[PDB]
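Chemist: Listed here are the chains, written in short residue letters.
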Amino acid sequence: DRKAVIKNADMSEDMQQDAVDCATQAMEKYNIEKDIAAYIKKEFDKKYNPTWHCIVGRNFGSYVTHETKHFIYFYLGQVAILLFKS
Amino acid sequence: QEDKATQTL
Numbered sequence: 003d004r005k006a007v008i009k010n011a012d013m014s015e016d017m018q019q020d021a022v023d024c025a026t027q028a029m030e031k032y033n034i035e036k037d038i039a040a041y042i043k044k045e046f047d048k049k050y051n052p053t054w055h056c057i058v059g060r061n062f063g064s065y066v067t068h069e070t071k072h073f074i075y076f077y078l079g080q081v082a083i084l085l086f087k088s
Numbered sequence: 003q004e005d006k007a008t009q010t011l
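Residue numbers (PDB author numbering), protein chains in the order written: chain A, 3 to 88; chain C, 3 to 11.
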């Protein structure tokens, strides 16, 4: 169903794949961007320690400051997902 | 800590 494309990453392979699997699970459960984002954020806090932030949407730009090795920006279908730690 | 820009197309 949904094409996964990593646009920009400062993040290990395993964590990248986890971010995609996590977003895929979120999208199976939830349709609202904010709820998808909450699920990913909370899972990443739980597995990789706080504090994570997550943005999900079709139309946004951003300028954020992340901890090294804790950043990914990717598409699942037409939905863009920004996940990072600061 | 590093700075990153993203933009949907």
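Honestly, the hints are just simulated from the structure, not real lab data.
Don't be surprised by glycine CBs; every beta carbon is placed ideally from N, CA and C.
Watch out, some of these pointers could steer you wrong.
Which stretches of chain A does chain C cover? Using the computed rule of at least three CB atoms under 8 Å from a CB of chain C, they are [said to hold, decoys possible]:
hint, region
1, 3 to 17
2, 24 to 31
3, 47 to 53
4, 56 to 62
Examples of chain A residues toward chain C, derived with CB under 10 Å [as the list claims (entries may be wrong)]:
hint, residue
5, 41
6, 65
7, 75
8, 80
Negatives, chain A to chain C, calculated, CB over 12 Å [as the list claims (entries may be wrong)]:
hint, residue
9, 20
10, 40
11, 43
12, 44
13, 74
Chemist: All hints are to be evaluated individually against the structure, with a verdict given for each.
Modeler: Structure-based check of each hint:
Three residues within the 8 Å Cβ limit are the bar, and the region 3 to 17 of chain A against chain C gives 3, so the coverage statement holds. With 0 residues having a beta carbon nearer than 8 Å to a beta carbon of chain C, the region 24 to 31 of chain A misses the requirement of three or more and the stated coverage is violated. Counting residues of the region 47 to 53 of chain A whose beta carbon lies closer than 8 Å to any beta carbon of chain C gives 0, which falls short of the minimum of three for the stated coverage. Counting residues of the region 56 to 62 of chain A whose CB lies closer than 8 Å to any CB of chain C gives 4, which reaches the minimum of 3, so the coverage claim holds.
At a threshold of 10 Å, the smallest CB-CB gap from residue 41(A) to chain C is about 20 Å, leaving the interface hint violated. Hint status for residue 65(A) relative to chain C: holds, with the closest Cβ pair at about 5 Å, below 10 Å. Because the beta carbon of residue 75(A) sits about 5 Å from the nearest beta carbon in chain C, less than 10 Å, this interface hint is met. About 9 Å separates the beta-carbon of residue 80(A) from the nearest beta-carbon of chain C, less than 10 Å, and the hint is met.
Under the 12 Å C-beta cut-off, the non-interface status given to residue 20(A) relative to chain C holds; the minimum distance is some 19 Å. Separation of residue 40(A) from chain C is adequate, the least Cβ-Cβ distance of about 19 Å exceeding the 12 Å criterion. No beta-carbon of chain C comes within 12 Å of the beta-carbon of residue 43(A); the shortest separation is about 17 Å. Every Cβ of chain C is farther than 12 Å from the Cβ of residue 44(A); the closest lies at roughly 22 Å, confirming the non-interface assignment.
Here residue 74(A) does not stay apart from chain C, with its beta-carbon only about 10 Å from theirs, under the 12 Å limit.
When held up to the earlier numbered hints, the structure conflicts with 2, 3, 5 and 13 and fits the remainder.
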